[PDB]
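Trainee: Take a look at the letters that make up each chain.
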Amino acid sequence: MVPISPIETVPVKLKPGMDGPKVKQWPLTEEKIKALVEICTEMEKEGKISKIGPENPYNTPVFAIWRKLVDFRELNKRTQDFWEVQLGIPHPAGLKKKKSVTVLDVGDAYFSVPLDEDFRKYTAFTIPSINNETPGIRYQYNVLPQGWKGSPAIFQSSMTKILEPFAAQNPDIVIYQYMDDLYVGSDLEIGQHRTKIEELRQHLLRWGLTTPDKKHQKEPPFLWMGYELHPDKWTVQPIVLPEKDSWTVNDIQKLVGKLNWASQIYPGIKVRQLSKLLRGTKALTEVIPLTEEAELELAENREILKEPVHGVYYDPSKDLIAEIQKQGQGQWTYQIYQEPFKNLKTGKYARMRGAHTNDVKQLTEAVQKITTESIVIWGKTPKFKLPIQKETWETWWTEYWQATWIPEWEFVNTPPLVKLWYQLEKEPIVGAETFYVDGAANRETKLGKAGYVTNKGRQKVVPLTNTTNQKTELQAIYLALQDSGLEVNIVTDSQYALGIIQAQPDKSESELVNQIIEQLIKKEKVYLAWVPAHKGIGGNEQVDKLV
Amino acid sequence: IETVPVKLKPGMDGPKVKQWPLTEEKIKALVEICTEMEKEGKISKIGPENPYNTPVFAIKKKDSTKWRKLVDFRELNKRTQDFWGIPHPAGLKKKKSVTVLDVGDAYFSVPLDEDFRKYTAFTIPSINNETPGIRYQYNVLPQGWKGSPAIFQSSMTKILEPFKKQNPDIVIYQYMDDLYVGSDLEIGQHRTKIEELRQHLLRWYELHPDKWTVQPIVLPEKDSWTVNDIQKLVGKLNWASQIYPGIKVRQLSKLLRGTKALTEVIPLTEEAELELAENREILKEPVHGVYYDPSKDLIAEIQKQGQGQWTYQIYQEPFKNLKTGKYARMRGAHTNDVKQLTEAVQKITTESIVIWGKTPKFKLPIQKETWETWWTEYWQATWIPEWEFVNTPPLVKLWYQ
Ligand SMILES: N#Cc1ccc2ccc(Oc3ccccc3OCCn3ccc(=O)[nH]c3=O)cc2c1
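Protein sequences, first through last, are from chains A and B. Going letter by letter, the first sequence gives residues -1 to 63, 71 to 552 in the authors' numbering. Going letter by letter, the second sequence gives residues 5 to 88, 93 to 212, 232 to 428 in the authors' numbering.
These are calculated hints, taken from the structure and not from any lab test. Hints may contain errors.
Straight line, CA to CA, 25 Å or less: simulated SDA-like cross-link-like pairs of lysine to any residue [to be verified]:
| hint | chain 1 | residue 1 | chain 2 | residue 2 |
| --- | --- | --- | --- | --- |
| 1 | A | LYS101 | B | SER134 |
| 2 | B | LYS66 | A | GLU438 |
| 3 | B | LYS395 | A | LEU503 |
| 4 | B | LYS424 | A | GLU432 |
| 5 | A | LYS103 | B | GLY141 |
| 6 | B | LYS20 | A | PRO14 |
| 7 | B | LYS395 | A | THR397 |
| 8 | A | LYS13 | B | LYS66 |
| 9 | B | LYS390 | A | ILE411 |
| 10 | A | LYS166 | B | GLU122 |
So that you can see chain A by itself, here it is in the shape it has in the complex:
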């Protein structure tokens, strides 16, 4: 008998201040009991478990579905936290093409790895005897139990520790380790490849690990985590979109999820109109009707998902390029590729929740997102193609009050183009009329007034119902914009309005702000000045709108 190498155990403790689980064993049918007896007998013969004495206070419930099922939920609640390596998953677009790729599954997976003996007494469970006229049969685990909290992490770390020297001794081949499967790859010849596969499974066999002896049970394409992995390309598993004349909130969530999943390779996926129906959630049962926007959008989604699209794999010797397009209504789409027309992957960005905004900011945010994603997947920042002129970006970031940056990028001309719709003067305008504006409102009656007086004698006051101070202060400025020439100076005491306008939105949720913007767009020169209210500042008339 060849002395296979042992495996050092991972020391495991319970959470501090807690003791091992003790739970009452469930009553079982005689059939179930017999089945469990046979199974546990076979397992004990294999060495996965061992009988224990009455001394052990701890117990875990066991069931039969034959296959046994040990409910370790309580122990999991009482077991220590572990370091999980499954946070995030490898994205197929990040993989590098290999001439040969073989799959070795680890049959006899968790049961080939020993458990820390000091912890085995906490995994104890009992089998109810027939008619309970004898003491139940007591067992404990000697290996990693299925369903236990610490099994996957310990298994992964152990397998890594075993594989490390072989990997170091074979830099010319790449080995990926995922759960109960190992994926080996190489740019070598097919014979040398199969040979090194045999070497690897031998090396694994040295620790007493078994791999498929026959021709490997799985071959390309690989169906993995919703992906299809072909030799020369990758894509997603076929979409499933339910069609029903009555939609619930949960169905909307599932549809949104599947569309978002499909959007990583299918360009032009839009999900806004269907996501707007997820306001007032937490009720999974409901009937939500469709708008024409949502129906046309879903029809367009069925239009894009009509024919299959494939992404390619990553070649480090070629540059990484990300191109962005504006779709409207705060929607943005992007493609990451190296060769033209051959995408590595695609995606979308939706603007955040805010009262005001402009295109340049959203573009910046989109770029940040793509940058982070690209650093995750390929470990580098891609060169960007943006629908914005160099001069536009220049003016924007030079005059913007916040600090802002975009990595290396070039201008691609693919309308709509992102542009600055208006720019405020830095200095008062000579020969331009000066509108002193003001607005006020009564907190009780919600009645107010908004208006202006100018240097040329021009005046206006307009009475308003159902309005607030902020609204009247905006309305005054809007009035001044309406009744003035292509060049105008405007004096206000509204820190609110000045803040809004200095934020430079091209679009807003407030119709009044939108109208002010539309006014600013039509203007040639606009200087917006500010003064403190109620300081007795001449020309600024609180007395005109407070009547």
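Use these hints to put chain B with the ligand onto chain A, whose structure you have.
Mentor: For chain B with the ligand alone, kept in the frame of chain A given last:
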């Protein structure tokens, strides 16, 4: 050579903090560095039984192409027990010149308390989560930890004892992995003394605090004022009234009477000139009742003035500035706002360390996502401060300009 027992604060588990993505080159740099450190016993590989994690990344200091390992020990620091205290050298800021030295390599000589080592666990990440990250833990005193200088205080005292007994006029301060040395010598004599001290540390960044002071509030001096000029002036004075008690603007506001064109010149009345003069006299004096409280946080606000110019204020209570300044230094940052901001934050933090012996909480004029995406690309400092993000443009921008 003898480990001192270190615990955490009551009711606090060790830090679990997500490791953020790194570029391939930084990953490779960290792999090389950590391999070497492992070969030197400074760190050791750990298993899955360790849940704890602290962020880590790579940088490049001034005048060096060699990558460096920086660990974001912020969470661990605030979760680590308070270590005891040496009163801050209030004369350090009063000195003519101060030179900062990196004494981090010294810490790796002293071993870390065994039971505590599991809290310093960190992960070298992998691209695309292909293989599980390389997990390490520290065996010796880690750089960036607040306990490392506290433990090494005795040793550092013993090492710097002869130099202190030699030059009583030289002030020595220590913060984290940095040693601040103040004096009143000449730049050449300064550099030679620094070589002497570094050689004294071997066998075992010129900064001039005098060229930096606080800043007053100045008003324009004009022969002729337009309506706009007077409006802005009134705005600024009105703002400054929140700080200085006796500021009055009624006589200047009296000039604005009526509705005129913004570009129209208004001659100042005698009362207006008098009022303006009084306001000047008031602004020349310092601020009433401004004290420092060691039990209160330091807050720093930074405004972008454009053209590579930046203004900043350090305070505790609003309108009670402890320090003000204006960073306009341009090195290689001309086309990048974020780099400028990062260097500004570093400089202000350093000044704060020199004056009070602790870092301020920043209020950065940048979107969270942008800053979080790029700030590690331009960070040369061994420490890190805390920061928040102001999304609303401040009106006081030109009032510090
Ligand atoms: N964690 C993880 C994980 C999960 C599933 C995987 C499936 C296939 C695979 O494959 C690879 C395994 C080792 C090295 C290079 C690989 O893929 C490069 C691209 N590729 C793909 C499929 C194919 O048939 N041919 C190819 O060239 C690696 C995998 C890794």
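Trainee: Against the structure shown, which of the earlier numbered hints fail to hold, in ascending order?
Mentor: The structure conflicts with hints 2 and 8, although it agrees with all the remaining ones.
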